[PDB]
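Model the full assembly from the supplied sequences, consistent with the hints where possible.
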Amino acid sequence: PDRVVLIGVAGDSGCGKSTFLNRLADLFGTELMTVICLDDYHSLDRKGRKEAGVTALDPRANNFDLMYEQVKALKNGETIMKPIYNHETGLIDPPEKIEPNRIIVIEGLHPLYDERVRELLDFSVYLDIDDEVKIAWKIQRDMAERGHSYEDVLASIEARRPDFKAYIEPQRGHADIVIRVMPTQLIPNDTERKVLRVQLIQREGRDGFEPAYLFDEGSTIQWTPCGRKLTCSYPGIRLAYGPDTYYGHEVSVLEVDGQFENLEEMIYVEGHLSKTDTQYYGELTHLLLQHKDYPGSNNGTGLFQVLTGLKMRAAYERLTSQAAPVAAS
Amino acid sequence: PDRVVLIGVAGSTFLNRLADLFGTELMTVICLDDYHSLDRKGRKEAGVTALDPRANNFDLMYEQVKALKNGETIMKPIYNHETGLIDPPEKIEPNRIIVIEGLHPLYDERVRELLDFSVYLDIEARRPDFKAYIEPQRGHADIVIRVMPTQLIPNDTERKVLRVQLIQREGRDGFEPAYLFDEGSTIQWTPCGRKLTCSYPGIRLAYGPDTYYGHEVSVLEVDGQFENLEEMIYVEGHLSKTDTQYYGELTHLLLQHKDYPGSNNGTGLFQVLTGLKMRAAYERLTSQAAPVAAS
Ligand SMILES: [Os+3]
Ligand SMILES: [Os+3]
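Quick note, the sequences are listed as chains A and B, same order.
Quick note on the authors' numbering: the first sequence kicks off at 4 and runs consecutively.
Using the authors' numbering, the letters of the second sequence correspond one by one to residues 4 to 14, 21 to 132, 161 to 332.
The hints are simulated quantities; they were obtained by calculation from the structure and are not laboratory data.
Beta carbons: idealized from backbone N, C-alpha and C, even for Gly.
All the given hints hold, so there is nothing to weed out.
When the alpha-carbon atoms are kept at most 30 Å apart in a straight line, the in silico DSBU-like pairs for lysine-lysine are as follows: (1) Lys278/A / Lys232/B; (2) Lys232/A / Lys278/B; (3) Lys137/A / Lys53/A.
Sample of chain A residues at the chain B side, in silico, Cβ under 8 Å: (4) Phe218; (5) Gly221; (6) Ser222; (7) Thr223; (8) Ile224; (9) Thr227; (10) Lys232; (11) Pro246.
Here's what the structure looks like:
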């Protein structure tokens with residue numbers, strides 16, 4: 004059976020605008036993977052939302068019944084006629100023809116919201132970014148190309164909180180992996196807002212998914228690779244691993260704080276991680292340095308985005324007994 | 004050549026543990042109080058303590074220790090602690106291992122160079166002379182076992198739970214320090230978790246490079262108490278370059294005599310580990326198996 008694998012990606016970065024999906028495209032290519040933006044399943048257009056007094060985050064603005072049916076149909080090998088939500092006009096355009104593929108990624112705000120859709124997913128990721136980090140990034144991006152559109156991100160964050168906490172964040176409890184970004188604990192008065200502390204919160208007991216760990220599985224460790232063999236500059240790099248309870252479930256949290264200045268630092272860290280699901284030594288570093296221009300390229304953000312990708316590849320190859328798709332040259 | 008190996012021990022249950030490891034047939038222990046140049050009355054007369062270098066004959070010490078390592082029999086004096094007198098010489102023949110024990114095994118430069126391995130054990162009136170003449174020997178010891186109060190219990194009142202440090206000297210050829218996880222990097226570890234259930238406050242290890250008396254060292258550290266077997270073995274299994282000859286030898290040797298003090302904490306663990314590092318040093322120098330206790 005030509006099996007269709009389904010991947011869910013929860014996040015607030017907008018459709019086609021996250022670096023994680025670019026990294027997935029680098030890994031799996033674009034020929035045998037199709038990405039579906041879940042804003043296409045809005046039951047209410049922009050005017051309709053205003054009329055109703057609800058935001059896009061509200062479940063009532065979204066059609067989960069149609070979502071379930073068309074995603075179920077795709078996994079069952081059927082072609083679908085899915086709607087297109089135009090973000091510019093704020094209208095719902097005529098359906099698009101989407102055929103099945105080896106991998107189907109559903110991306111958006113509510114991929115893990117409905118019980119029925121959850122059960123169709125084979126792997127899932129929630130990208131949890133701290134408000135302050137999101138804001139600091141927006142200023143750095145604005146600084147580069149002279150955009151100055153960060154005051155609207157601030158407005159958006161504050162006003163979204165109620166609906167974000169109500170309907171978006173609880174999906175973290177159902178995600179296999181949660182990449183959690185937040186400010187550093189290595190620097191006392193962080194003014195630059197550059198150095199990040201990132202957590203890979205991995206769900207236990209999901210058959211066909213072995214969490215990555217450091218040193219000893221199921222025990223708690225704090226590690227600093229800087230020392231005799233590796234020279235870092237202040238504040239350096241610090242890892243942490245340990246078991247924890249997240250949304251009432253057992254998880255295994257792998258954590259990196261700091262910035263990678265160079266190759267040696269990246270490989271030294273990669274080499275000492277366990278069950279990273281790399282197919283050869285140095286694949287994370289190799290994949291991470293593929294596109295150094297991406298944000299998070301020199302810290303835990305990129306590292307864990309890539310690592311998550313490998314865990315999907317593992318899941319795919321387990322379900323199909325076949326090699327996963329790859330990007331061309 | 005029937006080579007004689009020399010071990011120095013500054014600062021005991023440690024020697025009992027060594028006797029358990031190496032036996033008493035092929036190891037002779039020499040108490041360094043036997044090389045007092047001044048008897049108890051002489052010390053009073055001079056106004057010095059036993060800790061003072063002037064109360065001790067390092068020239069005779071060097072010569073007789075040098076002679077022992079060279080395969081010669083010696084006629085060494087006996088210092089009677091009860092009467093406080095120096096009795097007639099004792100005949101001591103060479104042996105596979107010679108341990109010199111006392112306050113000043115690492116004090117003299119000439120005696121230091123004869124030693125193949127060395128240990129300092131760091132567990161009111163003595164303080165001046167202790168700080169003046171005893172403690173600086175820590176800077177020359179290959180291993181220093183350092184005991185101190187715990188950091189696991191806030192406002193510790195019992196004073197029972199201990200934090201112990203195995204400070205291992207780097208660059209001593211024929212001695213690879215034990216480490217945890219990654220050599221030359223800093224780590225803090227707690228084995229209690231999914232696989233191991235501890236009772237409060239549990240156990241916590243730490244390893245990392247440091248500078249001690251101006252030298253590079255590698256500090257392995259345990260804080261807490263071992264309630265049972267499983268805890269001891271779990272810790273042992275995750276240590277690296279412990280110089281055990283089989284899995285579970287530390288635990289086995291540590292539980293040999295549970296009645297000893299430090300039996301259920303880092304004190305005993307590191308006493309045994311230190312013993313293994315001596316065995317390693319011996320077997321490297323002789324290209325031969327070290328002595329063992331009978332059954
Ligand atoms: Os932007
Ligand atoms: Os390449």
